[PDB]
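Peer 1: Next come the chains, spelled out residue by residue.
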Amino acid sequence: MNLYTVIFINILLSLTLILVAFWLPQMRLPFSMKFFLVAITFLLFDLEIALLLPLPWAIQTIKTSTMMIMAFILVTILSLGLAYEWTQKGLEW
Amino acid sequence: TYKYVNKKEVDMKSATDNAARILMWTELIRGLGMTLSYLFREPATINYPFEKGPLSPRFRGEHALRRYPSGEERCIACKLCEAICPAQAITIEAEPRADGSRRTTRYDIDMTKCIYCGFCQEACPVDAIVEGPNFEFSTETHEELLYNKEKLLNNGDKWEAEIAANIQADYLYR
Amino acid sequence: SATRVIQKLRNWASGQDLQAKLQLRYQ
Amino acid sequence: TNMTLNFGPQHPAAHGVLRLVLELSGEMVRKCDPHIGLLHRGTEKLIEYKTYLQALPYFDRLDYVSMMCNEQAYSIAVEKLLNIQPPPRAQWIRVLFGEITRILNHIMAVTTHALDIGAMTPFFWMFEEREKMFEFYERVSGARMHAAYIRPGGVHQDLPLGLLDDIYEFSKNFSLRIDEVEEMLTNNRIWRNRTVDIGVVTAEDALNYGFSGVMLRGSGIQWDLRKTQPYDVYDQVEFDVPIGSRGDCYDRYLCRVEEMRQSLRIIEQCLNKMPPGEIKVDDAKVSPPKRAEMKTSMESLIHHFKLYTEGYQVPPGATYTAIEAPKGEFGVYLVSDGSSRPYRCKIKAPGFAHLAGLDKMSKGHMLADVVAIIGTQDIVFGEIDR
Amino acid sequence: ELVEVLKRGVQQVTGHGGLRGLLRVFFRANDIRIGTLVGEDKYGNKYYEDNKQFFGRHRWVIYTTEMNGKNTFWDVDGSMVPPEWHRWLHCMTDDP
Amino acid sequence: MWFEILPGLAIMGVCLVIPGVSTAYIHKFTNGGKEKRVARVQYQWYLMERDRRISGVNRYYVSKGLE
Amino acid sequence: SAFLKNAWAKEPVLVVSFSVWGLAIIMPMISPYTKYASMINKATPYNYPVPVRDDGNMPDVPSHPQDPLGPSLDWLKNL
Amino acid sequence: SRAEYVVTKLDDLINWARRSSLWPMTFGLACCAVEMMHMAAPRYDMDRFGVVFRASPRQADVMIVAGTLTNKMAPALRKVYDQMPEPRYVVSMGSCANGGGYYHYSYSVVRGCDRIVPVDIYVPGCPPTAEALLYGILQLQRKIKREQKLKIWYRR
Amino acid sequence: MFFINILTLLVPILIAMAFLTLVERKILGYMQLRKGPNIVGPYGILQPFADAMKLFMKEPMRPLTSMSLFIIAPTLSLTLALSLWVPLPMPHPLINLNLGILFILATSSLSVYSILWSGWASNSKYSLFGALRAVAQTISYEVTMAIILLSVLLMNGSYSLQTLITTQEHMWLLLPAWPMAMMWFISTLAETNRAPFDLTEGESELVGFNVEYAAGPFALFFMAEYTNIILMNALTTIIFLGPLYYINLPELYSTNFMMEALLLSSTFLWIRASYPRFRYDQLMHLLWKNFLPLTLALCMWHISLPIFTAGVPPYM
Ligand SMILES: COC1=C(OC)C(=O)C(CC=C(C)C)=C(C)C1=O
Ligand code: SF4
Ligand code: SF4
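In the order they appear, the protein sequences are chains Y, D, U, S, Z, H, W, L and A. What the first sequence shows, in full-length UniProt numbering, is residues 1 to 27, 48 to 113, in sequence order. What the second sequence shows, in full-length UniProt numbering, is residues 35 to 42, 47 to 212, in sequence order. For any residue, its number in full-length UniProt numbering is found by taking its place in the third sequence, counting from 1, and adding 2. For any residue, its number in full-length UniProt numbering is found by taking its place in the fourth sequence, counting from 1, and adding 77. For any residue, its number in full-length UniProt numbering is found by taking its place in the fifth sequence, counting from 1, and adding 1. Heads up: the sixth sequence at position 47 corresponds to 47 in full-length UniProt numbering, and the numbers run straight through without jumps. For any residue, its number in full-length UniProt numbering is found by taking its place in the seventh sequence, counting from 1, and adding 5. For any residue, its number in full-length UniProt numbering is found by taking its place in the eighth sequence, counting from 1, and adding 68. What the ninth sequence shows, in full-length UniProt numbering, is residues 1 to 64, 66 to 208, 210 to 318, in sequence order.
One chain only, chain Y, in its complex shape:
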């Protein structure tokens, strides 16, 4: 609730400003696979981040060995994905 209170004031402050703006002064084919490709890579990386996001809680896991063994494998396999992105003209705009 406390957050809700703050946020609605936040929207109100902005909606107030746009309105004032309008009310006070009364007196086609841009495409480059590179751009699409980036967006994609971005999510593959964003989804990877999502897998890495639990690592702060997983640090405290009793296993530890498996934690790191897992995390290191994830980071390494994605980075190799990047590596091949390099070989491919990908990442070369």
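To be clear, the hints were calculated from the coordinates, so they are not data collected in a lab. C-beta: ideal position from N, C-alpha, C; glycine also. Fair warning: there could be bad hints in the mix.
[What the hints assert, rightly or not] Derived CB-CB ranges, DEER-like: (1) S:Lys-372 x D:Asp-195: 49 to 57 Å; (2) S:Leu-253 x W:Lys-15: 29 to 37 Å; (3) S:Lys-372 x Z:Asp-42: 33 to 41 Å.
Add chains D, U, S, Z, H, W, L and A with the ligands to chain Y, keeping to what the hints say.
Peer 2: Just chains D, U, S, Z, H, W, L and A with the ligands, lined up with the frame of chain Y:
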């Protein structure tokens, strides 16, 4: 005589030196130092209304027609100021004044047409038309910029004291 | 006309003596 | 139309007015067809209707960053047709203000280049130095720019009593100001990238497309019309042309910073060795009589009246005289009948040739690259459009 | 070092007569500095020149209210300076 | 000189400390002079709630050995 | 090796990049503390330790946990 | 309380805001552009007066037409003038744009920009001195100060 | 009370947001040998309020365009930026969130839309080309921006920004992890589209979503950018430069937070004047080639440093 502006071993010392330049952005930091340095220098700007950028005597500025100390306007309508104006700005038509002397009935400098060359200042034999010091004559309407004999003569009377000083300083040179 | 400390900050940051070639022209 | 997109006339990036109808596959430029004439004004036809001395002010306006150097080209041309040459002091003056003008152009070209690139502090640093130079112009001619000081028979009026000393104080210091810009751009880890290996022009191609300027010199061709075909007293001075290798935006830049440096070497000399003498030819036939003389001697009034009202009356002939204006070879082909007003005056603009090269330079390049290349050609639309 | 500037800064501020002078001068010019008064022209105007300041700012004119009855205190204009004193201000002649 | 960029900053700084001092005293006023309990995990909310029930309705009121 | 050298001076990020990748893949294997992490975190008591019935003959700390028997974290102390 | 007073004061505020911050969109046709870059430069700082170095055709309060407005560029000038906000102004700079200037009789030069865009302040001089432009920008500021839009609303 | 604590934490920031533009138009000035704006008001203090009033009064021209993806875009930009100051932990925060940094990362990510929506809404070529490139580097930079934080968190133990005040009671996280600070600082420069990385407002390049935006819409993003400029700098001043915290007096934390935030806010002002703008591909070349391999590897080093140095951070 010529010179090569950009005409050009790998040692750890060298490489480590080069790698540090890329890794910790050493040259970029060099550039920041230069701007921080000036931040501490005195700014060169002038309060425009209160302090004015210096203009020496030959500054052409705004046209004026001078008069003899007695009070007789200097122009005798020879009309070569019209002949040498590059832009066709000055229009002069004349007729003998009753005195019998020769004077201009109409002298119109179109300042919007004028490109302030200063040849008219040069050409006049009696030096009646001069490039006056004032540069601040911006006007709300286009018509005000067109100037007839009365505005220029009035401009001449207002700035005669400084015009005389300016011509006094630069006539030996001419 | 600037305190030597502030002036120094200038020379140091610049790497050469601006005092010798100033931006303020004088008599 | 491969998303044809007018660079647009109103664009801070486009000096003055340039419609570059560009077809870009996304962010890559496939073809650049620059449009010109947004500043055509008739300078070449207007001159035919004006006398030689009243056409001198047009030349200052042809490329006004380089106000005077342009005037020297017409001067020289009119002097050749008359077979008259200016007095010794006037020659040195023209080289003195010829060089000061080169600096002024390079400060414009290097700093305006950066503003489009995105570096804005170099412009303010050097526009203050520019300002100080303008003041020289004003105290010599009367106008900050568009002086009309260099006339067809020498300069108009001797230097004020004291200018030389100040063109010294300034010169004595300007170097540090160029040095600073350097510590900001010559080695910036980022200036290099956006400039290096952009718009490389071969040596053979540069001569073929008539580049004739730093653009040639940057590709390693050694040609400075000031050393190859000396004009005025640029022969008596000693300077080093800054030739370049691996010609590209960065290399040519370095060349323009180096001529700023070399021009200070030429200015120094001119101050050290300018002769006592007159500043205009003594032929009342070509140069207007001194005002004390026209007000006391009949032959001088007649010569003053005829010169201002009618004109030089140049002997019939035609000449192409080219100097080394800061942009490149500026030449006037002045055909002349025996009349006091010229017949033709094609102005060769270093810039009509350079723009044409934009197409052969910016190929397979991004939108930002086009902005960098227009800067490395110092395009002043006045000279191109004339 | 800093001691002097703090001290001399006070001089400028306390130099303009009463509080009002400062507040006035502060508002219309936005620059506070003290200089010898070269002259006061008949149209209300006051001119000061300081040798120490750089060439651009060593000569300044503090404009006065109603120099032709125009309420010029806020809307000050350059042309207000009289033709006689115009060249002194622009450094055309180094003689006041 | 550069003396003048300070005025503006002063009004920025003063407007960036207010918030940190304000939020950190409108907490020590509403919570009875004791920092607002941060209930990251339930245990803490439990203890906090338990406190409410223990006295008045507000947790900040804190009963002691004398109860 | 030679490329390595230039690589150290040209494209000197990847070199550093990989180097770290490895150093993080080694230090854990060889270190006098790696073992502690699984212990220090194991020890941290989050969930209540439920007591077992004393059928008898057990080494479990009876009564006060302070009894000398049982696990200790003096390894954690003075670590 | 008389609304009339209340109105004047309000108008003034409005005028002070527009007159203190004029964001100029400059064209730089020709050379008088070089004399404006000088204004933007350190001797005569335009910013100090609230004039921004430069802005796009939209966010711009005043358009300074510097340089010859040739017949080909004449359709554009208009477009950009027409693409600016409701409170907009034009400061013609240069004899080449006040009237026709050295190129008045040419076939490719419009004899003045006030034939294509309404002009509020005309700054004279072939390279109108930068101080003169500054004088001209300051006179636009006095022109705005005098404008009384809400009092006419009230009295209308 | 809580409402009062919403005025404070908002207004104060908005007033400070206004004074940043002024300290930008003067610090850039003195660096370029010019006084900057001092004539309106005393020393230019009234200058920010003046153009705000001019901007709102000028016509908000609606192009011959969407009318919502046009008005939603500035509202979203101001709303997210002012919102992200809600959880910031100056001394003690307004709304303490257990997963606070994920809130800041998520809220930042949403601002990329405003750029996308404004670019589509304008319906002119300059706007669409600018938006597509702008969206590309923003999310490209988000990928290293996020990984750099994950390295931090793993040495902090939690996502809550409040924990770092207890993590940095003995030393700033710059000493350790400086290599990422730099990479957080450069990424903070990209995400606020400031100079070295500002091809979006690139003027010479695409004069670009703000192109069709004038008056009130211009202002709102505008305000947003500058508030962000502060917020991101403030996050640098909590995550990496940890201001001294004394539980007895909470304001010396905010006093030093004030000092460090202003200096790092001053730094991106100083960066802008000092550097030319990077090329569009030169910008992505940096993140995907130069920084992402550094960040991913240093990310692993920050999962290893804890374990074998038996330093696994205490949750909570
Ligand atoms: C060097 O040529 C240039 C001009 O011609 C004089 C300009 O007018 C302009 C426009 C000037 C401003 C102040 C926008 C630019 C940018 C330019 O580069
Ligand atoms: S030249 Fe001098 S005198 Fe002869 S007409 Fe023109 S102005 Fe009058
Ligand atoms: S007016 Fe004089 S200066 Fe301005 S453009 Fe036309 S010619 Fe060049």
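Peer 1: If a hint holds in the structure, say so; if it does not, say that too.
Peer 2: Here's how the hints hold up against the structure:
no.	hint	verdict
1	S:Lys-372 x D:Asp-195: 49 to 57 Å	violated, 24 Å
2	S:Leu-253 x W:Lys-15: 29 to 37 Å	holds, 34 Å
3	S:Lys-372 x Z:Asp-42: 33 to 41 Å	holds, 35 Å
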